[PDB]
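Listed next as structure tokens is one chain, alone, in the form deposited in one PDB entry.
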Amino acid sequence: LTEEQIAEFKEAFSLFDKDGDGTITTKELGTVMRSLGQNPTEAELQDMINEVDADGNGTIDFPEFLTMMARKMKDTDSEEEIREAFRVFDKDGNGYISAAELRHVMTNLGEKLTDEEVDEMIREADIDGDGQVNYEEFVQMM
């Protein structure tokens, strides 16, 4: 993996590391999962950590996180996080994100919305003015 790739995964790791101490605990994993609408049990959190806890000290450090992330990338069907994310938004895969597609992602992620907010979000990202957000515009905005 390149240094830029390592940096991206550091960003991801930091979205979980609540205390910023360099490790992801079962409790931290659970907080993120709870925020996403999931309520895993303690043993469940323990197995998720265990499967990736290479040295077995009970928490996940960045090297272990990287091994996991690297394993995912080093696979034919795995794309870059940014591209994978764009595809979550662009469900019909035509390369453009519609208002309906944006409302769907926001709803799925528990983000409240109004039509005006959605229209301004698109407008702000819509550089070529075609009424939708293409990949290039998606990258620029994100």
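Numbering follows the first chain given and starts at 1. Compared with the form deposited in another entry:
Comparing the chain between these two forms, the rigid parts pivot at a hinge, and of the candidates 23, 78, 104, 122 the one placed there is 78.
Think of the chain as two rigid blocks: between these two forms, the small block swings through 173° with respect to the big one.
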The other form holds:
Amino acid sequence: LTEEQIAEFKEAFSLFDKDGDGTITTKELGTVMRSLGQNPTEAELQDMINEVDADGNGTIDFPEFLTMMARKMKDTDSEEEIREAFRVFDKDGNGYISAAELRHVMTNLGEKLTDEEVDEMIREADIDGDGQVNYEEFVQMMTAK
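Given the form deposited in one PDB entry, state the structure of the form deposited in another entry.
The text that comes after this line covers the one chain and nothing more.
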């Protein structure tokens, strides 16, 4: 939204628009992606351009780049908030919330649950059935429908 945000987003855009013509080609995108230690396929590059290319003209302009960037920033903010909450649940940092971690967290907060109840909570959220709650499960359990 801000003139300041748009200047910052114009700054990011320029790194992609290697020749300064106001558009990003699949090539340019590739150059940038390689310079970041990535080797995307030609098909991956086209997909990424296709996903941003609102007008379908084959390249991405700054207006299209602003739309994409403003969404990516809302997504990232959201991922960083859910993630900081997952790190709090996951005491020993192994990437999984256990029944004992969940119980301890509710209890330090105040709300005491039994092992029975905590096990039910883990089972509800444990999509892949590994007895624990990974990040993807934790995000889904905040959503479900």
